[PDB]
Amino acid sequence: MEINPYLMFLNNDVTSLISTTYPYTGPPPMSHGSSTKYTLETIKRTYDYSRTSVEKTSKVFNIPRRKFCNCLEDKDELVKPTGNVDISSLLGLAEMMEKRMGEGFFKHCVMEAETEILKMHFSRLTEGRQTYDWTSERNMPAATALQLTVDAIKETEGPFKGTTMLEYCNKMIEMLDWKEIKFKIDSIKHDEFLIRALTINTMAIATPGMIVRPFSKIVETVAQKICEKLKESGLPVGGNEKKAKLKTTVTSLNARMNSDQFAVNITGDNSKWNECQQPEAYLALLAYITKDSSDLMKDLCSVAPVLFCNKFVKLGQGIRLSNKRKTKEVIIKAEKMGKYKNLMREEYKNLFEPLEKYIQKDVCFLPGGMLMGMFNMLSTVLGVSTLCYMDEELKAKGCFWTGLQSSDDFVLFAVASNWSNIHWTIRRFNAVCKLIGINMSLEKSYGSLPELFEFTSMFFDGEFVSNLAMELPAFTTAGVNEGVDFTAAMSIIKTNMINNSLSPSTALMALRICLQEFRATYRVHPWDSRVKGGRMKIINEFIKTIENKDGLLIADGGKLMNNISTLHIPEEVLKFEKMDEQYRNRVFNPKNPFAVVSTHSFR
Amino acid sequence: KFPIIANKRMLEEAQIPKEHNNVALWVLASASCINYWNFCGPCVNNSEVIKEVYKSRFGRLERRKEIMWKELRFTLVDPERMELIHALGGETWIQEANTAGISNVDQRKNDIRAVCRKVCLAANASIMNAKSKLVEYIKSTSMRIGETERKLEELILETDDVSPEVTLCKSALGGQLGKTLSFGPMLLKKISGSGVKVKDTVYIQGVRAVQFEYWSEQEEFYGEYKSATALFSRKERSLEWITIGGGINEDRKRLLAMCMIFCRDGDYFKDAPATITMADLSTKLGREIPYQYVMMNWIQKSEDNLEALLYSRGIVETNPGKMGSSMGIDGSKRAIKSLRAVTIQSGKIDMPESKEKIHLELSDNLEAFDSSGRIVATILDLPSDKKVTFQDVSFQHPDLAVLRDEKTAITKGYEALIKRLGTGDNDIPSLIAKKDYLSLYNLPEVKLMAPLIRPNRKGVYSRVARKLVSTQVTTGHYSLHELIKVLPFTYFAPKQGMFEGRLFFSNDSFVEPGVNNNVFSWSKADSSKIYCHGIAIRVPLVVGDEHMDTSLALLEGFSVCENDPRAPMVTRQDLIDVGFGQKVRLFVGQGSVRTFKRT
Amino acid sequence: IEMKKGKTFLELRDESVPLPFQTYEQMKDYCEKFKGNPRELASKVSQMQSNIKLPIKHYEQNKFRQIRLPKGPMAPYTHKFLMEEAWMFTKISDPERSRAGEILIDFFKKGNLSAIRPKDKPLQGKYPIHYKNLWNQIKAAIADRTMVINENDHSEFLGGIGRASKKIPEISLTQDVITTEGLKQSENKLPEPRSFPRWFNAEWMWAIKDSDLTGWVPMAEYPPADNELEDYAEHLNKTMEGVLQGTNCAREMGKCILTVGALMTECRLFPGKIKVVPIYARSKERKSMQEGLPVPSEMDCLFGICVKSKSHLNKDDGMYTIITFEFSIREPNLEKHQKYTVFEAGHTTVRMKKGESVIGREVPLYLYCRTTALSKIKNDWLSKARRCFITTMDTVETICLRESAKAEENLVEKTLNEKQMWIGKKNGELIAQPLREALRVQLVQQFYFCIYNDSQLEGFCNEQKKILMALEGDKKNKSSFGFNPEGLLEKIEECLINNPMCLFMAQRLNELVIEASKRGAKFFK
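Protein chains in written order, with the deposited numbering: chain EP1, 1 to 184, 211 to 229, 242 to 632, 655 to 663; chain FP1, 58 to 83, 95 to 146, 233 to 753; chain DP1, 183 to 707.
Treat the hints loosely; a few may be bogus.
[What the hints assert, rightly or not] In silico DSSO-like links for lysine-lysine, alpha-carbon gap of 30 angstroms or less: (1) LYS380 (chain FP1) / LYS435 (chain EP1); (2) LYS56 (chain EP1) / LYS399 (chain EP1); (3) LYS597 (chain EP1) / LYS582 (chain EP1); (4) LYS492 (chain DP1) / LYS362 (chain EP1); (5) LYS570 (chain EP1) / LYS273 (chain DP1); (6) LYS269 (chain EP1) / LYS37 (chain EP1); (7) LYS601 (chain FP1) / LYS570 (chain EP1); (8) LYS647 (chain DP1) / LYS658 (chain DP1); (9) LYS37 (chain EP1) / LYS673 (chain DP1); (10) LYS182 (chain EP1) / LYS435 (chain EP1); (11) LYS700 (chain DP1) / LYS487 (chain FP1); (12) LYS561 (chain FP1) / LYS601 (chain FP1); (13) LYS333 (chain FP1) / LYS272 (chain FP1); (14) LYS235 (chain DP1) / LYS44 (chain EP1); (15) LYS263 (chain EP1) / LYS210 (chain DP1); (16) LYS189 (chain DP1) / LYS182 (chain EP1); (17) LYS371 (chain EP1) / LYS184 (chain EP1); (18) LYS657 (chain DP1) / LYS239 (chain DP1); (19) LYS215 (chain EP1) / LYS186 (chain DP1); (20) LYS601 (chain DP1) / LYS469 (chain DP1); (21) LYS535 (chain DP1) / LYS466 (chain DP1); (22) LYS502 (chain FP1) / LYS588 (chain DP1); (23) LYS217 (chain DP1) / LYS269 (chain EP1); (24) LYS107 (chain EP1) / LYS235 (chain DP1); (25) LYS466 (chain DP1) / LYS291 (chain DP1); (26) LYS380 (chain FP1) / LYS293 (chain FP1); (27) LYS387 (chain EP1) / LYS348 (chain DP1); (28) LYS348 (chain DP1) / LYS59 (chain EP1).
[Unchecked claim] Away from chain FP1, derived, C-beta distances all over 12 angstroms, residues of chain DP1: (29) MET471; (30) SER479; (31) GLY669.
[To be verified] Facing chain FP1, a subset of chain EP1 residues (Cβ under 10 angstroms, in silico): (32) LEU480; (33) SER483; (34) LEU487; (35) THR533; (36) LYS575; (37) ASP594; (38) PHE614; (39) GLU619.
Simulated from the structure, these hints should not be mistaken for lab results. For every residue, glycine included, the Cβ atom is placed at its ideal position computed from N, Cα and C.
Could you put together the complete structure from these sequences and hints?
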């Protein structure tokens, strides 16, 4: 006999079994090490996707500056990714979109974003995945680097009493001109501090510092206020709303065209969405946007772009040496690889000499591109602009298109009345996309009739819309308290159920699994169990003193009482009236040495 | 070790000693300190403040508690609730839970139609007394329909809801019809035309032959399926044209297949699939079946059969200007290629109405006839028998319900064992106090419960039960609960063998001494109760110590003793090779360990 | 109010701009006054559509092809533990001694381990002497009631065989030193390519079987119920747990769980130290030898031992090393067992029913020695194996509602007991079983995914989806069209180097499209 696990796709659909193809969600064990090799390949492919050779030495660094925008050359082999953008077509698409949506659209959105920012406290910047310290030269959460920056400002030129985003930004600006800066002790000069502020580290997802953070947040807020009004913008949210958008689009399409046309769908996957987005086009676009608004926003939105036009990239850990038998092994940093180039292999050599020009000490002056997972909203806006295109050449032929676009994934819907004009429309669309760097893959982008397609793992079909974005919590990595991590997980499971990524039995299984994970994390078990752990010792003696075992807390030899219909309700609220009054008051005693405010916190 | 931070004065003011029981607890501190603080520490009364502050959460809890949960149902698409929409309705399922509104009419309709289906099925057990047994079932079936205790002889008439079962049961009452038809689950209707019956043959396996009937003239009808309208015309065993106005893939596919069978169009009415030859059984247990319903049943097995049927219908390449009104193999609205004589559109086809009532005539197979044949209903167009709990119902005539299951058998046996007590001579307590256990092995109730016992290894079960009984009686230490639990096994003769720790019935269930189980459970502080699948039963007597002595109800030749961890864990088998004065630990359940000593 | 400007910022802003513009003001004026000339734009896009030469196909005139697998020796076993060739000693579980340090000592007391005395000469291995001396040291340590190992000669060696050397500072470097030592960049070793494994099917079948014992995986409790949904939820979960818990895959899952739960604690409380840890599992019930029904039996099982090297889990991406000593009663094969050093350790006993008694039949005994590494992330990934139950439960439930909605009624039991699913081919003919029996295959697939997880598998699973969607479109008569299939075939062939599963889910994907060609028109032969 032979067990071929795949023969169940014949007499069944795919929207029901595709989930079995991918492993379960979680932290992957792949752990790829960002090191010198990969970063240099990235920089090389970046400079190459620029199809030009022009340069202009600067005056603040005495370094060339590859200006790959509006200077397209090397037209040959245009199938591959391109990065040279044309400003005329960009502004034309922006004008088309404005005309469609309305005149005072960009103005209204920028005004809303402004007013929202005004009442904002700079402390918000503490809410971030991670950043890069410019003093310790490492990666840390936002709060740490923020405290470092503020205390350095204090130590050098007095405290920062603004307590607002705008004063923070102006303080950063002023600091760009300070000649000497101190920090706990040592100081630095102007050029070094500038570099450090424009430094980036590979986590090769980017990890910028703190100076540019607020301006990026502002630009993202504006782009978000914009993407909400757009029908074809599935980035800000997903699931129920996403399916609503899908079906609205499909129904409008079906009700739009006539009996003579026949439609088609396409599953597209933009390749190198980070190595072809240029901040110069973003700057020109933001300028065209704020053209009629307070000059304040005009200048503000023009900060992060230029900050990304000049971004030093921190090369990873340097190469290592070794003798033949490998009994001896030397270790060198990146800044000195230009000192031993005669030893490194060719493939590693040919990838290093052409860039030595742009190196200063240990970094590479990347003048463009967009590596961070930032400006995703803005890239999505640009894509939507691409999709809102229409002219008379198409109308004459009786064809058009439409669709939906995520950050770097999209779905197209072409329309025509012939099995050939569809090809012409597809080629027209690909050309207009490449005009501004937005490329497409060929080994990962397919298409077929309208019934079947895919978008953000939501494999749509004639029916049976199947999702695959099942998320889960993780206690060991994020340990907070024994009274929050369970409620948060319950809320998460509820959400996943809302998005249809989970079903009743699946949700119950996940709940009974997360409960055990929680217990094992905080090293707690019920009372029925015959365990001998430390926390259980006392619980193994002070347990007979109570009768409301149901009311007991999970953190204290308790048992579960919540279920599907009782997730929004924390176990505490569900056991309050049931906990023996003694234990109850013993928990809710604000006179203790230490969401629901319990006597279970781990400060 | 002590990652958790704390306050200092807050610690001493609470008098928290370190290493209370070798647990440091600590400025810094451990986590167990929280345990020690919430188990032995200061007492406040701040509940009201907490509730007031968390009013939103506790009001959500109250609202939740203010729900009347209803049933759920699998189906598709043709603020206070937003907090729960996740648990209220998905996409394949939905729950009709309500808050304040109540109106019991459509549930009553579902109940009445279900019971009508049930009764009409029950009448399908003979060959001659169909109508008689049917009508007698009706007259012997009453219901607490809604709030009124009405009978099932007027609801079928007072109601106005077309259905195969309503009509099939009302025709026997000479009730009015609405000219509606029922070919399987689908609903049909005539619009124009007419014809006469005609017979033809169809082969099976390529050698045999079977006769079916059809119509030879032209006639238009109005088909209708779940969320799917249609219109078509049948002519000479073949489908001429058809149109649809309800857009769904599965609904349209099944409706088209059913209308095709209704028109008998296709080659599978000339020959048959190789799947039919597997059976060739156009017959019930002892009855006959036509070819159409056999084909239908073959469809219900798998959608591949549906696709094969549809391929039998000619497929062609669509021409321009028709995509908007074409179709696909999978119900696709438009496609470069479609099927012959098809038309898709939007908007449901308005259904006509017939205001002419009539009465039909039932047959041996209960098939009703209005005129010119034209069967309107039958049992063949019904689902298979589906057991469903019926409430607000009274069914008195025999065949009402089997009401016989192994579970209920065991329940009744145990009820008899309990009642036998009877607080009198020649009953459980008198024989106990007399120490006459042998008679217990001959009572009638154990003889009635014997058939429910696993036959293959009943001797060893009886041996063990007879051991426990005697060892608990002679000494005078016993527990009525475990006794009654094991008694049904003390009927057959004892034999040698290997016992494991469970007593198995014939229904694959089991029972175990010294533990509780769904079939049989009990506990102290409520010893006057005995649960059976949650059904609490009462004891005709009262006891406060007759049960407290279970030292002999766990094992056969052993007795519980004081706990001792030094004693080694063992199994139920090695017990044979133990001696005296030799304590031994052993599991008595899930994570339940106890010490035992021989004798 | 306004954003007070500096100087360097303004210089940058005026510098970093498009080509024709050299000042922010010119670009700003050009933008704020940009007007629409759709004609030049149409001409430009048409010119680009000329220079562009996109290729578009339809999968019908230019079909796919079978995949070309690598060539060479067979892919060997990779997982840390043994699944099919394993073996385990048993004993009763004491809740007062439910810990590794105690369970191992108890297993050792009766002296069945001390009887394990592997001979000097092995069958196939590399460093037998180190393994043998280390086993002796392990027994000595267990005798001393301390799991620690003081002497560090063998463990040190076997941990440093991967990499160990000196390091010279760059400042102490010259040209003569280099020329003397012949220093050069450290040539990276690229993993070699392997053939198709001919033992995966056997392991899969064995896993599908039913284990004598049961209860390997522990689970939480079931909260109350308040309506039909939660009850029905409880019903499906109980049956599914009814079927999956009794399978040999659950045994391996519980073993991995309980062993990682101890290793993650040893790497935390005894870092930089050498400890001893068992490879054990816990059961709760078996099947009667006289009856095929379940019976309560709490018990412990020991498959082998795992030694630990110095592990800090804060340097070198938290890489640490271990060494495995597993028991087996099945001689090895040279191909599948390449990374394993094997011995012959005396004999043992097997127990089977004989009428109404038990007997014992002596058999030989083998000892499987192997070295391997781990990390913190792998520990966190293995400990969370239960989630496999989440995915299998979820695939069962998608099939029990979709149908239930087509007919608008509960069909759970009906589909579970009737709905047939193709599982494989025997003698050139398909094999089908009910869903209740294919849950096992689904669960084993998810488990193997959890084990052999790696970048290669990520790429394979991310790419096969396109082939699956193309096939689905073929089934329903839809003119699927692409741009460069051969490029996708190459993308998939490049990520098939040496991951047992990736090589054997490729051979199996080839075989899905050789059977469907009988009904599809988009694939070669």
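Hints, verified against the model:
1. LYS380 (chain FP1) / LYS435 (chain EP1): Given that 30 angstroms is the threshold and the Cα spacing comes to 41 angstroms, the pair is violated.
2. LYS56 (chain EP1) / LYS399 (chain EP1): Since the Cα atoms of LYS56 (chain EP1) and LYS399 (chain EP1) sit roughly 20 angstroms apart, the hinted pair holds (cutoff 30 angstroms).
3. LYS597 (chain EP1) / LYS582 (chain EP1): OK: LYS597 (chain EP1) and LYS582 (chain EP1) at ~16 angstroms, within 30 angstroms.
4. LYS492 (chain DP1) / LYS362 (chain EP1): holds, 28 angstroms
5. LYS570 (chain EP1) / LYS273 (chain DP1): holds, 20 angstroms
6. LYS269 (chain EP1) / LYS37 (chain EP1): Cα-Cα ~42 angstroms, so violated.
7. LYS601 (chain FP1) / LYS570 (chain EP1): Judged against 30 angstroms, a Cα distance of about 49 angstroms means the pair is violated.
8. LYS647 (chain DP1) / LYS658 (chain DP1): This hinted pair holds, its Cα atoms lying about 17 angstroms apart.
9. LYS37 (chain EP1) / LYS673 (chain DP1): holds, 21 angstroms
10. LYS182 (chain EP1) / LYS435 (chain EP1): Distance ~67 angstroms between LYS182 (chain EP1) and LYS435 (chain EP1) Cα, so the pair is violated.
11. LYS700 (chain DP1) / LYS487 (chain FP1): holds, 27 angstroms
12. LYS561 (chain FP1) / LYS601 (chain FP1): holds, 17 angstroms
13. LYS333 (chain FP1) / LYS272 (chain FP1): holds, 24 angstroms
14. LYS235 (chain DP1) / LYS44 (chain EP1): holds, 25 angstroms
15. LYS263 (chain EP1) / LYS210 (chain DP1): holds, 23 angstroms
16. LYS189 (chain DP1) / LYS182 (chain EP1): holds, 21 angstroms
17. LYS371 (chain EP1) / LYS184 (chain EP1): Given pair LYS371 (chain EP1), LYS184 (chain EP1) holds - Cα atoms ~25 angstroms apart, limit 30 angstroms.
18. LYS657 (chain DP1) / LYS239 (chain DP1): Satisfied, since the Cα-Cα distance of roughly 18 angstroms is no more than 30 angstroms.
19. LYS215 (chain EP1) / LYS186 (chain DP1): holds, 22 angstroms
20. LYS601 (chain DP1) / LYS469 (chain DP1): holds, 28 angstroms
21. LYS535 (chain DP1) / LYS466 (chain DP1): holds, 20 angstroms
22. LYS502 (chain FP1) / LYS588 (chain DP1): Roughly 20 angstroms separates the two Cα atoms, so the pair holds.
23. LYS217 (chain DP1) / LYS269 (chain EP1): Judged against 30 angstroms, a Cα distance of about 26 angstroms means the pair holds.
24. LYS107 (chain EP1) / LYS235 (chain DP1): violated, 41 angstroms
25. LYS466 (chain DP1) / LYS291 (chain DP1): Distance ~23 angstroms between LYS466 (chain DP1) and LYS291 (chain DP1) Cα, so the pair holds.
26. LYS380 (chain FP1) / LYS293 (chain FP1): Measuring from Cα to Cα gives roughly 33 angstroms; hence the hint is violated.
27. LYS387 (chain EP1) / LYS348 (chain DP1): holds, 26 angstroms
28. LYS348 (chain DP1) / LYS59 (chain EP1): Outside the cut-off at roughly 45 angstroms; violated.
29. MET471: violated, 7 angstroms
30. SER479: Its Cβ does come within 12 angstroms of chain FP1, the nearest being 8 angstroms, so this is violated.
31. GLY669: Non-interface label on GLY669 (chain DP1) holds, nearest chain FP1 Cβ at 27 angstroms vs cutoff 12 angstroms.
32. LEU480: Status violated, d = 24 angstroms.
33. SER483: Nearest chain FP1 Cβ about 22 angstroms off; hint violated.
34. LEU487: Holds. Min distance 7 angstroms.
35. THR533: holds, 8 angstroms
36. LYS575: holds, 6 angstroms
37. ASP594: holds, 6 angstroms
38. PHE614: OK, holds: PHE614 (chain EP1) within 10 angstroms of chain FP1, min 7 angstroms.
39. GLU619: holds, 9 angstroms
In summary, the numbered hints that this structure violates are 1, 6, 7, 10, 24, 26, 28, 29, 30, 32 and 33.
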